[PDB]
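Just the one chain here, laid out as structure tokens, in the form deposited in one PDB entry.
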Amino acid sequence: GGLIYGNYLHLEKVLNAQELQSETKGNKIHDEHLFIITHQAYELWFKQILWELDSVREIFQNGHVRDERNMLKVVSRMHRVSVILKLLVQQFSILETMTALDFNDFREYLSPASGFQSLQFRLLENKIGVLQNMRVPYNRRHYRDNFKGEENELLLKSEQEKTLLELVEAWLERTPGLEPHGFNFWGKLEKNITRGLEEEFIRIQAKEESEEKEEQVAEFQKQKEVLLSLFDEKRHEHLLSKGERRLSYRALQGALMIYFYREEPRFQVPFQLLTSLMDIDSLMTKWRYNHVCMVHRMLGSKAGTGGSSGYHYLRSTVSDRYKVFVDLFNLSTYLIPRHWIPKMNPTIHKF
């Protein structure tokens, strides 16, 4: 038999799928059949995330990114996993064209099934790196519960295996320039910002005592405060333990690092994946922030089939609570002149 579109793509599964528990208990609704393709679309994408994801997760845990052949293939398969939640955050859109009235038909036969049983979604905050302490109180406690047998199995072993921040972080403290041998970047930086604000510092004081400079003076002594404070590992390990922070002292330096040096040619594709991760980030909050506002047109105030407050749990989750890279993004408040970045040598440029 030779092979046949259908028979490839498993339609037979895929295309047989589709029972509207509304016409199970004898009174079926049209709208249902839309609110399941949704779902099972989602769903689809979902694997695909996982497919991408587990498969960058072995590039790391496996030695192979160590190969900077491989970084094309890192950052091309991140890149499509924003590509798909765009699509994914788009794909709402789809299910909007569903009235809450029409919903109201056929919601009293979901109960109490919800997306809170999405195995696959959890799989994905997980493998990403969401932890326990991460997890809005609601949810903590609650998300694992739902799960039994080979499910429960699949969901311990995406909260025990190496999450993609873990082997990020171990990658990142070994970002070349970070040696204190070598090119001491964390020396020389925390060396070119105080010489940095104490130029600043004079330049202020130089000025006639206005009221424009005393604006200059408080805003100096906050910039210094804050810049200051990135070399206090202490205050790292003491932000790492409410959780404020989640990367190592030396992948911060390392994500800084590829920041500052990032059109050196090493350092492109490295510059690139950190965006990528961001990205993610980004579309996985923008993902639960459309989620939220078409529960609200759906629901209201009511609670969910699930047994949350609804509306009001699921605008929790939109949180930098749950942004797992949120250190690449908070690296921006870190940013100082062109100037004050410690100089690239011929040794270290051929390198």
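If you superpose the two forms and keep the largest set of C-alpha atoms that fall within 1.5 Å, you have the rigid core. Numbering follows the first chain given and starts at 1. What changes on going to the form deposited in another entry:
- Compared between these two forms on the core, the listed residues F103, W171, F271, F116 keep their C-alpha shifts below 2 Å, save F116.
- Once the rigid core is overlaid between these two forms, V295 counts among the residues whose Cα shifts by 2 Å or more.
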Given for the second form:
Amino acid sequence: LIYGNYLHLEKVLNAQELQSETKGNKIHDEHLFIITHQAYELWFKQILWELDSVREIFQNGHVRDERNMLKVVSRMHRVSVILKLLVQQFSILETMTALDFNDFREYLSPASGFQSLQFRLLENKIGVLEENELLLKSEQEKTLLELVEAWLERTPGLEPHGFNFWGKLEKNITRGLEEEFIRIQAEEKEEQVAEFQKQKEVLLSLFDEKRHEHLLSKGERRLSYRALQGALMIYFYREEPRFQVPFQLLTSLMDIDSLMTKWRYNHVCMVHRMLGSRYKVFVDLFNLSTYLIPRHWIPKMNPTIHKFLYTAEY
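If the one shown is the form deposited in one PDB entry, what is the structure of the form deposited in another entry?
This part shows the chain on its own.
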């Protein structure tokens, strides 16, 4: 095979038509503007390729066979590696001064008229709240959030008739807080009762299903109450073999959120720089990470009974 024919460089390297050169006088920096956007769109296509493949593994049921956890986590890690390079790619646009941009700015019609289809498809496919047919599919089809929520709802250890994680956790937090109240009641004392009455209210709020449902309606929550429990199960028992790679998956999901927001931040700054001057899908994963529960209150697991913690399924 010929290198250029394999990469279809006759299409890729023949798609740089300068609008300044077309509509009048050529402006040198417009070529940088065109290539940078083409480079972003090539990487958006790759991020969609990796995202749809991971979505397929969940949707078609392959994620149930736990041999595919390495491939899901690996591909989610690749998405964040690509996103890290896209955040670094802003440094190239920084080399184009605002004064030079205003030279070719006239040939770019209204700026509030350009919108990336692939970026919108990517946001929709993750779960952010002819070309229109593709957009209608991205909004209708199962998002990476919905597919991760369904999988979190099936987390081992949640079943009330088995391990009953939420029941044990609630009882342990209640019994642990009673010991704390006793220890405190036995200026420093008057201040520690306020620090306790605040920690108690926060910890017990986790067991209020009606408050979670209210927050889901207000847009402050995305995951269902059962998916929230499955994620918290993976968090506290992350060292247990069955939850080690699933813990890396929850981490990757949060990383992709941090990087998409960091990219969005960089983008807004570049837009405000050239034209003159919430989005976290996995907020629940960030929120569960910020729960002050002592490791000694986490329900202890018996290896003689709870074989699920160290036995994998296909």
